[PDB]
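Starting off, we have a lone chain in the form deposited without ligand 1SQ, written out as structure tokens.
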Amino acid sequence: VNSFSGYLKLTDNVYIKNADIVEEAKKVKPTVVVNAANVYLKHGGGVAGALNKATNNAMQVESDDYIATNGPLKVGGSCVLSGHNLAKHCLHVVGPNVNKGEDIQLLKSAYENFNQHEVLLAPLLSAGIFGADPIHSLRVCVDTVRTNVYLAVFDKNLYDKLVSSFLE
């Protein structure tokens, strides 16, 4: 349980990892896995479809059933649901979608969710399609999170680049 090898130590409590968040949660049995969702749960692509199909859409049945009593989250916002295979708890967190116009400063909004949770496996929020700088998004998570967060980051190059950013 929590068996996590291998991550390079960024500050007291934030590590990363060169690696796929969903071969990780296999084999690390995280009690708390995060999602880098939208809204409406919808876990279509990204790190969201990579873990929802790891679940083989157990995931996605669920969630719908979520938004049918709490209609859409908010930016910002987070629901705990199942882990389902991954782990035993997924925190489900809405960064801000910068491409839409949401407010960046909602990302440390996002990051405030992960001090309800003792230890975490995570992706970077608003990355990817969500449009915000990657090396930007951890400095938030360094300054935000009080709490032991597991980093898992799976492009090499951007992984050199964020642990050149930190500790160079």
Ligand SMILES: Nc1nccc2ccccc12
The other form holds:
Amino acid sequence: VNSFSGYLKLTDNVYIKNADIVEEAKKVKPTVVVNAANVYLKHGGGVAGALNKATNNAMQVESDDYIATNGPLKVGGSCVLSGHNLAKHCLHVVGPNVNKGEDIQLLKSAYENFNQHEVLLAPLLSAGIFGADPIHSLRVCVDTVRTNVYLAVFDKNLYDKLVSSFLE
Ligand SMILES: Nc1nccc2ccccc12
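Could you present the same protein in the form solved in complex with ligand 1SQ, rather than the form deposited without ligand 1SQ shown above?
Expanding to the full complex; the earlier chain stays at the top.
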């Protein structure tokens, strides 16, 4: 149904809300939720752990089956797997992990994966355990994504800083 509500329109195609992405998925019934994935699709932490728990581990079971046959993703890459109870599809996108020395330039590649989907519910890529500057990630999103992205930011303080930064 893609019933997004209460988002702040930043650009013609980028929207943001102070919300929990899992509760958004339940409310919106998006066609596509983006996962903040790693290359092995091991969803023990970060947004990936939240999404996987909300699928009662179905996302991890599917992901383990996928990796054993298909091999890992690349940093900056993506795959499309089931959305389970959260969405029709899950776009698993690997942003660079700058806490582990990966090149922040790959954040552009990461966001380019969104352009194959008309509308997405997504987290800010490379945030949290991936260590990138969230203000920078929002700029790369706005500069790179051409399709309609609805960003959910959990932490109110961080939301407020992102919106302030963007309106400067
Ligand atoms: N659950 C959730 N939703 C949106 C953004 C997040 C960022 C980090 C952890 C959880 C998040």
